[PDB]
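Below is one structure, written out as structure tokens, with a few remarks after it.
Right after this comes chain A.
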Amino acid sequence: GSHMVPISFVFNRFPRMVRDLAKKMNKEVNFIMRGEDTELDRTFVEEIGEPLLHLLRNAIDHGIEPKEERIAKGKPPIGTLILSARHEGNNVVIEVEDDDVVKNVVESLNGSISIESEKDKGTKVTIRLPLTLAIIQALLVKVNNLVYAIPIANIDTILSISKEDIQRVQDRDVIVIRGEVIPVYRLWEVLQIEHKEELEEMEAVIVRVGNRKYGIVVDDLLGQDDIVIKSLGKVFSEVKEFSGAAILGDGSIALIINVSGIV
Partner candidate 1 sequence: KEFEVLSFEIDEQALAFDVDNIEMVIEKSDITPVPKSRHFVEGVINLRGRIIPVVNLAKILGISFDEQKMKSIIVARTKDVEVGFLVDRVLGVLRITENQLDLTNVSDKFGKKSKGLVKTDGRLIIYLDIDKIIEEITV
Partner candidate 2 sequence: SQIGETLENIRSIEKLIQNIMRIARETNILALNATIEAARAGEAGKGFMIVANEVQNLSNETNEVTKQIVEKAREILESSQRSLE
């Protein structure tokens, strides 16, 4: 829903703001923005534009030396910094360059302005703000009327096993499938919910993690769908057993099971 718009609303505040920062330091420094229509996410109108002002204030003063120390170093009598902005996969890369409270100003809404450099070439700056807002194939599951989405790309297969196959071991339960052993887990348990008990043949979903994969047994299986994952505040930053909830269609809220976030 138009959640995407040209960067003209959070990047054009430089062709005249970087000018004054060059006069208050007696150091001539060019400034040509290579592109200013980077359709980064709209919600960045206050966490990327401004933060890009602390990466340029060092592109003039703390970088290029006056003619007296310039034409006698290794840089031409005139330098040229370039303030760019593009998309590399799913991350807007509105970089900055030339020739710790701000370490959070951009890291608030994704980002982490750093400082890389060398000798007689200048310092380079680059932030990281995702510009991909929209599609996530997920597996919608239910547990006593609790819709929990499972990141599709993480799933490997959905097999229905009977409460027979299970063969407890050193502790965690397991099931022998294709010669391999999967540590089966009961979703409602790792989430601590008042479950009924255990139906006869329960449906389990095999999720892949790192180099292994465990099985996740659930109550009922709704149906895969493209949801709108959204960070559910910080009041949950502790609950590592998740990633972010989302509002389905009919209006029902559904949390996403961060696969790696479960014993």
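Basically, a contact is a pair of C-beta atoms (placed from the backbone, for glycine too) under 8 Å apart; a residue touches a chain by one contact, two chains touch by 3 or more; residues count from 1.
Quick note on selection: all candidates are chains of the complex that A comes from, given by their letters.
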Result, touching chain for chain A in the complex among 1 or 2: 1
Residues of chain A touching candidate 1 in the complex: 146, 191-193, 230, 232-239, 241-242, 245-247, 251-253, 255
